[PDB]
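S.K.: These are the residues of each chain, in order.
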Amino acid sequence: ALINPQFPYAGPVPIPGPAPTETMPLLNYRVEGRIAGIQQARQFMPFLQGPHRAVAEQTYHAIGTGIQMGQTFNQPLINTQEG
Amino acid sequence: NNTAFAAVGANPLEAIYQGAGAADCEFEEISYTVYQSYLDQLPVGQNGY
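Protein chains in written order, with PDB author numbering: chain M, 1 to 83; chain J, 199 to 247.
With the rest of the complex left out, here is chain J:
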């Protein structure tokens, strides 16, 4: 709630929204999901992997 909203005249670089109503904006909530991308069936040889 301190970085996402910029007041008129303030630096908007790190913000998501800027405007006259900024001081009263807030996050209801945030959700994230992380997906991992990888390669499987790690090879083994006479040396091992």
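Okay, chain M solo, but in the shape it has when bound:
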């Protein structure tokens, strides 16, 4: 702010002001609020809580069976070298 003498800035907005209204009042709000609809315990989703496999491992079962059977052919006898 600058004040300049001799033209000085009025020393106030004075008493000639026009009170325009008495509408100043905010009427307090008084209220009762009830949000009470029956609630049912459940919601349907496509899927909740699953941690789906991105790849599975290979998996398997097992079997064996049979017996011990055989047809054989042997090497001929040979002269013994030494000993």
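Worth flagging that the hints you see were computed from the coordinates, not collected in a lab.
Hints may contain errors.
[To be verified] Listed next, with one range per pair, are the computed distances between beta-carbon atoms:
(1) M/69 - J/230: 25 to 33 Å
(2) M/55 - J/238: 36 to 44 Å
(3) M/55 - J/230: 41 to 49 Å
(4) J/235 - M/48: 39 to 47 Å
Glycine included, each C-beta is placed from N, C-alpha and C at the ideal position.
With chain M's structure known, arrange chain J on it following the hints.
M.R.: Leaving out everything else, chain J in the frame of chain M:
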């Protein structure tokens, strides 16, 4: 006799012969012989095979 011969204009994918005389073609007979290839003298150890 239903798969081996294709008429002109018909799909020849599964057929053996195709042509104008197809409708009157037929097998006189078919023979097959199956030969099995395997490895013998199945080893046995202290565990068995």
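S.K.: State for each hint whether it applies.
M.R.: Cross-check of the supplied hints:
no.: 1; hint: M/69 - J/230: 25 to 33 Å; verdict: holds (29 Å)
no.: 2; hint: M/55 - J/238: 36 to 44 Å; verdict: holds (41 Å)
no.: 3; hint: M/55 - J/230: 41 to 49 Å; verdict: holds (43 Å)
no.: 4; hint: J/235 - M/48: 39 to 47 Å; verdict: violated (56 Å)
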